[PDB]
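Start from chain B and add chain A with the ligand according to the hints.
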Amino acid sequence: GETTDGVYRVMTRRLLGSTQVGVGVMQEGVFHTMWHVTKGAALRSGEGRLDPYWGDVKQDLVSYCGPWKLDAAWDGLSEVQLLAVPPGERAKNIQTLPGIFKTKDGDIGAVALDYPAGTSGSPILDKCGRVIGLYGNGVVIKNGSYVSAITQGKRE
Amino acid sequence: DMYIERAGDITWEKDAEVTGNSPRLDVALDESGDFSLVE
Ligand SMILES: NCCc1ccc(NC(=O)c2cc(Cl)cc(NC(=O)OCc3ccccc3)c2)cc1
Numbered sequence: 016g017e018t019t020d021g022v023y024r025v026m027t028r029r030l031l032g033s034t035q036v037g038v039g040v041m042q043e044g045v046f047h048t049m050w051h052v053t054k055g056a057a058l059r060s061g062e063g064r065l066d067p068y069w070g071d072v073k074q075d076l077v078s079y080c081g082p083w084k085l086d087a088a089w090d091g092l093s094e095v096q097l098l099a100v101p102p103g104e105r106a107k108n109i110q111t112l113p114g115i116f117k118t119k120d121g122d123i124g125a126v127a128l129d130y131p132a133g134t135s136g137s138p139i140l141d142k143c144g145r146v147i148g149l150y151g152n153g154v155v156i157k158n159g160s161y162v163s164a165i166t167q168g169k170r171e
Numbered sequence: 050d051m052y053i054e055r056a057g058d059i060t061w062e063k064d065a066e067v068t069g070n071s072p073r074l075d076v077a078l079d080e081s082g083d084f085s086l087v088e
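Sequences listed follow chains B and A, in order.
Count the first sequence with PDB author numbering and you get residues 16 to 171, in order.
Count the second sequence with PDB author numbering and you get residues 50 to 88, in order.
Any given hint could be a false lead.
Simulated pairs of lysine-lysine, DSS-like, Cα-Cα distance not exceeding 25 Å [what the hints assert, rightly or not]:
#1 B:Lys142 <-> B:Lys84
#2 A:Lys63 <-> B:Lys142
#3 A:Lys63 <-> B:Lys107
Since the hints were derived computationally from the structure, they do not count as laboratory data.
Next up, chain A with everything else stripped away, as it sits in the complex:
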């Protein structure tokens, strides 16, 4: 029996920590909703 608990408001935070890169990848999506890399 799954249950939910509030974790916060959905708002943009000014001066939030900035990280992560922006890769461009060729991918395929199968009928089961799984993404895979196409090379």
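The following block holds chain B by itself, in its conformation from the complex:
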């Protein structure tokens, strides 16, 4: 199937019509998305099949066809872009200065942008176009709005 690098929608025909359950990144022949999008299930790309290769529920990440390839990190200073791919809508770059999730095990960048649940897996990029993480796992703060962590894996 299509293995060209880029951002992709993850669709399902199980529910009403064709529903977008999330988004992912194809890089170096590997498809990267969030665990809650596919639950680790196999994916179709045209007539081809993408089989899971690595995944972890706690990190909320999964890779297909090969190991996790994305290893760029937010520098903790600069603005970033969420390349948002909302259901039924065109891919759109949104620039923002990340906030911080402070945890007992260290700090993580966070993006305060509100998108429908099916936008999960959209990549967050630095000024060089490198993927520094995926959008879609975070928290609901006082106002009812969404703040996502910048979730990044580890490149073995």
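Structure of chain A with the ligand alone, referenced to chain B:
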């Protein structure tokens, strides 16, 4: 049976729309991958 469809290139866009705030939040991550606010 989930399937994928290309949505675009991964590139920085000059003069993209700039929005969103930068909150600093104390959070906890559980074994199920769920983040929660610590107050
Ligand atoms: N164990 C992990 C399971 C998991 C499962 C799922 C998720 N992610 C989401 O649910 C998700 C992802 C994105 Cl990109 C945006 C939102 N938005 C959000 O919650 O906004 C508040 C709200 C929403 C709808 C109407 C009114 C208010 C949610 C993470 C993790």
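Okay, the hints, checked on the actual structure:
1. B:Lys142 <-> B:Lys84: holds (19 Å)
2. A:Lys63 <-> B:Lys142: holds (9 Å)
3. A:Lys63 <-> B:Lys107: holds (12 Å)
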